[PDB]
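Protein chains: 2
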Amino acid sequence: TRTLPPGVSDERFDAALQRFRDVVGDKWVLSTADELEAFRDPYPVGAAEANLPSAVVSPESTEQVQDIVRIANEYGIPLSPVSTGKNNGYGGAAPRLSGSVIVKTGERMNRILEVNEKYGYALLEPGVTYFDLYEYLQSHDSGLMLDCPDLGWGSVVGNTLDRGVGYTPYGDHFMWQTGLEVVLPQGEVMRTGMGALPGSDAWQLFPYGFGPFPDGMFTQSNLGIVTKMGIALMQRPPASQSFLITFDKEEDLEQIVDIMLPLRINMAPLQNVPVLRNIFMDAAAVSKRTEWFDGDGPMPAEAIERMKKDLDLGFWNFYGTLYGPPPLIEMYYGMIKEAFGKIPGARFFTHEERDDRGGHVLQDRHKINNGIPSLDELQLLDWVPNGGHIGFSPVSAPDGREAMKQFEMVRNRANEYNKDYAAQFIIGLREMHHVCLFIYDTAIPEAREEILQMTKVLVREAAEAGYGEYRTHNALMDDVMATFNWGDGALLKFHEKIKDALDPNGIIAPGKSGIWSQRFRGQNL
Amino acid sequence: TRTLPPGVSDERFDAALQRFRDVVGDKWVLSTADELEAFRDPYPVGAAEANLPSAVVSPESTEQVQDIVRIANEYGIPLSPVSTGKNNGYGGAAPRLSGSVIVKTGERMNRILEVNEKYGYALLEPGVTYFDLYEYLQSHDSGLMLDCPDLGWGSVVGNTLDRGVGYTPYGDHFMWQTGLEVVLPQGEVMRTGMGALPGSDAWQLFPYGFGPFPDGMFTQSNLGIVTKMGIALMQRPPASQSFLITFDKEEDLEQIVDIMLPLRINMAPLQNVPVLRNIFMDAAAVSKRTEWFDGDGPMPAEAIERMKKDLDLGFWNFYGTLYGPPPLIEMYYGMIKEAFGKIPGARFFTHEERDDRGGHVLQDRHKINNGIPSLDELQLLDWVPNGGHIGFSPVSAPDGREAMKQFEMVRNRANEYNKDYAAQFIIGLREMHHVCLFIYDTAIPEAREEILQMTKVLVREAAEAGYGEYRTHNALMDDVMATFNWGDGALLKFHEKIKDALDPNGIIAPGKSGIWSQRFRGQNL
Ligand SMILES: *Cc1cc2c(cc1C)nc1c(=O)[nH]c(=O)nc-1n2C[C@H](O)[C@H](O)[C@H](O)COP(=O)(O)OP(=O)(O)OC[C@H]1O[C@@H](n2cnc3c(N)ncnc32)[C@H](O)[C@@H]1O
Ligand SMILES: *Cc1cc2c(cc1C)nc1c(=O)[nH]c(=O)nc-1n2C[C@H](O)[C@H](O)[C@H](O)COP(=O)(O)OP(=O)(O)OC[C@H]1O[C@@H](n2cnc3c(N)ncnc32)[C@H](O)[C@@H]1O
Ligand SMILES: COc1cc(C=O)ccc1O
Ligand SMILES: COc1cc(C=O)ccc1O
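Quick note, the sequences are listed as chains A and B, same order.
PDB author numbering puts the first residue of the first sequence at 2, with every later residue one more than the last.
PDB author numbering puts the first residue of the second sequence at 2, with every later residue one more than the last.
Please note that a few of the clues may not be correct.
What the hints assert, rightly or not - Pairwise CB distance ranges (calculated):
(1) B:313 with A:144: 38 to 46 angstroms
(2) B:132 with A:349: 44 to 52 angstroms
(3) A:402 with B:326: 25 to 33 angstroms
(4) B:176 with A:356: 54 to 62 angstroms
(5) A:379 with B:466: 48 to 56 angstroms
(6) B:307 with A:240: 37 to 45 angstroms
(7) B:413 with A:326: 40 to 48 angstroms
As the list claims (entries may be wrong) - Using 27 angstroms as the maximum straight-line C-alpha spacing, the simulated DSSO-like pairs for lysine-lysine come out as follows:
(8) B:87 with A:338
(9) A:250 with A:119
(10) B:289 with B:309
(11) A:119 with B:368
(12) B:250 with B:338
(13) B:338 with A:250
(14) B:343 with B:87
(15) A:406 with A:343
(16) B:494 with A:494
(17) A:119 with B:250
(18) A:498 with B:229
(19) A:498 with B:338
(20) B:457 with B:368
(21) A:229 with B:494
(22) A:343 with A:309
(23) B:87 with A:343
(24) A:494 with A:457
(25) A:406 with A:494
(26) A:229 with A:310
(27) A:229 with B:289
(28) A:498 with B:494
(29) B:309 with B:229
(30) B:119 with B:250
(31) B:406 with A:406
(32) A:494 with B:498
(33) B:406 with A:119
(34) A:119 with B:343
(35) B:229 with A:494
Since the hints were derived computationally from the structure, they do not count as laboratory data.
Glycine residues also receive a C-beta, built at the ideal position from the N, C-alpha and C atoms.
Can you build the whole structure from these sequences, using the hints too?
So, in C-alpha cells, the structure goes:
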C-alpha cells in the first residue's frame, strides 16, 4: 500500500507534493515505491516493516527549506531532515516516524562556503562529504586536516549533528562545531553565536556569542533543519606514526584500559583517539565468517584461535597514532611501549613494520587518523551474506572493570541470540564510547527480530547496571530515552516542553531521541 | 522608599517573606534596608538608583530551592539566583529587575561533593569558591590543579555559568563543565547528561548524554537555578615557567597579535591562555593614578612614558606560561623569543628574573596561570578614590589590524568621556576576549553617569563595526542583545519562546541577557 503520513489522506497528500514541487521543481520530489526503496534503512531491524518514508524532497537553498517547512505546517506533514543520509547502523536515511517526508538537504546544498587557512575553520552546507572536503584541501595545497569517521561517504555536518566521532585530536566533532544556521519548525531562520551579530567575522571563531548558548539543542534533536555549519580544522602536524598493539587473551581488557587511562587523560602520550578493537571486528574487515567457521551458533574457541593465528592479531587490538617532531614521536612511542609492555603477550607494530593481510586495518587507521577518508571498513558487511550492522553504543568509564563488565554483559547476550559481537572501544580523555557492532544477515526475518529483541534486552540490562547509550538506532530511541529517567523522567519532560513551544504543529522529525510532539504522544507511532 | 517586586503589595510581599522563612529558617531571609545594602551593585553605574533587591534568601539544599521557586510562582515574585554574588564589573550580586529576590545559592550550598583523582574532575555546589577548592586540593596532596580568574573569591559555578575564563590550558571554563543539576522555573528538578541516568558514574565523565544537549542553555541564562555542577580538572604538570614580554610602542599591537596567532593556534608553543595588558592595566595593579598625573583630564603622553620608565614596562605587556618537563619549556621559550624578538624594542623576562614593583604583575600571573588563586588585582580599584570598574568586553578575531581598530575606537571614547582605558586581550585559539576595564570614582554621580552613557555609545559603535560582546553589565544587557539582531532579531525571538515555555509566570532572573518574559515585555525596566 501507499505510505501516507499520519492522519493525512491521499487527496491532501497529493496537494502537499504538488506544493513541494512548486518550491523545488518536479525532478527533486520522489514519491513512488520504486524511487523510495533507496531510502529504506539498508540494515533493517525487527521482522515487521518500519520507518517507511512517504516522499523525499531535495531543496537547493535555505529559502526553499523555509518554504518547505511552511507547506509542511499548513498541511500537517511530518518532515525528517538528513544531510547525506548515510546513518547506517542507526537507521540510514529512514525516518523514525513512518510516513514522514525526508528532506535531503545534502543532494543540492553541498557547497563548501569558506575554508579559512589563517583561522583553521570551514563553513559548510550539509551535502559536503568528507571526501569532498578532503579533495578541496588537497587541491588548494592546504595546511589543514579534516577529522573523519571510519567511513568518509557521510556528511561533515550530518555526522556532527548526531554527535559522531572521529580519530584525530579533533575527534569530538560537536566540540569543534562553531556557529550554525537553522530553519526552525515554523519557518524562521536563525544563526547562532557571533552569526547573530550582523557583519561579524567571528561566526566560526567564537562559538558562544551572547546570552544562552543553544547549539547543542540542535544535536540528536528534532528542533530544526540545519542549513549551514562551521567547524574548526586542525593544522597538519609535520609528521606522524600509527601503531598496533596486539593482546592475546580476552581477559586482557581490564589491564589494557587501566594502563591506558593515565596515558590518555592529558592528551599525551596518547594524542589521538585510541581504538581498542576485538578480533571479530578486525577479522571481519579482511575476511568472511565461512573462512573460520561454517557450523551453527557462536564461533567456537578453536576457530577464534585460527583467526588470531592466520592474521597475526590478538583478541584485543589497540590502534593509535602519534604526531609531531620526530624526536617527540619517539619519546611518546617509548612511553607507550613501556606501559603496555607489562601485559604478558603484548606485541608492538608500527605502520612501517607490518604490511600483511592482518595489517590492513593498521594501514586503514593510519589513513583515518591522518584525516584521509576511507571506505575499507565497508568490507565488514561481507562477514555474512546480505550483511548489515547495528550500533549498540553504551558509554563506559575509562576503567577496566567497567569495560570488562560491559564486555561480558554484551557477549553473554550476543551468544544467547546467535550474533557475532564486534567491539570497538573509542577512547576519549575521561570516557569511552563502547561501540558494539552486531553484524547480521538482513534477508532473514528471524535474524532481524533477534537483533531487535537482543538490543532491547541490552539497553535495559545496561541501564540496570548504570550504563547508557550515547547514540542509537530509530528502533531503540524510545527505549534508550526511557532509561534517562532521573527525577521521574525529568529530562524527557523538559525536552517535550521545548519541542511543543518551538514546534506547535509537531512537524520536525517526530520521535527522534524519543521526543514526540503533543499530537503523537501515546500512539505507539 | 521600600523596594517591592512589580505589582506586589506590602502585605502580599510580607506573606511571601514569611513563607520563605518556613522553607529556610529565620536567620537566612534578609529584608531590612541596610541588610540588603551589601547586595547593591558595588560598582554602581548611572546616577539614578537601579538594580535594587527586595530581599535575599539563602537555602541550604536543592529541596529548599524547589520550594522557594514554587512559592515565587504562587506570588509572582521574581527570583535572581547567584552563587557567591561577586560578579563585579557586571552588576555584582544585584538583580537586573529592581524588586527581585536574590537567591544566594552559595551561602549554605557550598559543599565540595566529590573530587576524583583518577578521572580528574570535581562535583561542586554553587558555594565552592576558588580558594575553597584550592584549599581542598592542597590538603589532599592532589595531582590536580584548578583554573581560576584574576580574582579567586568568586565561585567555580557562578563564573562558569557566566561563561567566564581563566588562564591555564583549561581556561575556557564552560568547555570543561560536565553535568549539572538544575531547578527549572516551576520547581521541577533536572540532571543533565549521564546524570539523567540513575546510578551512572559518568556524570562528570561524558557531558552530552543522549538527545539534545542542553547545558549551554543554562549559561548567561534565566532558565533555571543551578544546584550542582561538575567540572574537569587538569593534571598538575611537573614544572612550569612564566614570562613577560614588554613592547615599548603603543603601535606594536598589530604586529604582536599577527606573530602570536601561529604560535597559539595549536596550543604549542603558547600552551596557556596568553594575556596582552596595556600599561594602564598594569600600573593600576601596582599604583595610584596620582603617582603619575594629579589632574582632572586624560593622562598626557609624558605621564605615560614615566609609568613605563619607572615600572620598567612597555605600553603593551605580554604574559604567558609554559608547562612540562624542563627540556620542552626551554624549546618553546626558545621559539617564543625568536618570534616576538622580530618586534623592535621588545624585551623578555621570566618569573625568576624580576623582583621590582613593575614585576609584581608577573608574579601574580605566575600564580593564576598555575591555578593558585589570588586577590592581588583588587589593588586595581585604588587607582582613584572609591574605585569601581565596569567591563566592556568585545570579542576580536586574533588579527593585528582588527585589534588596533577596536583599541583606537575604544581609546577615543575613553578620552572624550575622561575615563582611563585599561585593556587586557585574553587570547584563545581562534578568538580574543578584548576586555576593557574603565575605572572610576563610584561616589561622584557625574562619573557614574559618564560611564553608563560611554559604554552605551561603545556597544552601539562596536556593533556598527561588526563586533559583539561576550559578557556584559546589567546596565547594558538589553543593548548588547539588540546588537545580535540578524534575521529581524531571530535569536531573541528564539530565547523568548523558550523562556515562555519553561516559565509561564515570569519568575527567574527576568531581563538577564536582554531576555524578558511575556509579562514584562515592551516596558521601561
Ligand atoms: C556501518 C558503520 C557505521 C559507522 C562506522 C563504521 C561502520 C562500519 N563508523 C563510524 C565512526 O567512526 N564514527 C561515526 O560517527 N559514525 C560511524 N558510523 C555511523 C554512520 O554511518 C556515520 O556516523 C555517518 O557519517 C552518519 O551519516 P551522515 O554523515 O550521512 O549523517 P545523516 O544520515 O545525513 O544525518 C544523521 C542524523 O543527523 C540529523 N541531521 C542530519 N542532517 C540534519 C539537518 N540538516 N538538520 C537537522 N538534523 C539533521 C538527523 O537525525 C540525521 O538522521
Ligand atoms: C573587577 C574585576 C572583575 C573580574 C576580573 C578582574 C577584576 C579586577 N577578572 C576576571 C577574570 O579574570 N575572569 C573572569 O571570568 N571574570 C573576571 N571578573 C569578573 C568577575 O569578578 C568574575 O567573573 C566573578 O568570579 C564572578 O562572580 P561569581 O563567581 O561570584 O558568580 P556570581 O556573581 O554568583 O554569579 C554570576 C552570574 O551567573 C548566573 N548564576 C550564578 N549562579 C547561578 C545559579 N545557581 N543558577 C543560575 N544562574 C546563576 C547569574 O546570572 C549571576 O549573575
Ligand atoms: C555504529 O556506529 C558507530 C560505528 C563506529 C565505528 O565502526 C564508531 C561509532 C559509531 O557510533
Ligand atoms: C569584568 O570583566 C572581566 C574582567 C577581566 C579582568 O581581567 C577578565 C574578564 C572579564 O570578563
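- Earlier hints that do not hold, by number: The structure breaks hints 4, 6, 8, 9, 11, 13, 14, 19, 20, 23, 25, 26, 27, 29, 30 and 31; every other hint is satisfied.
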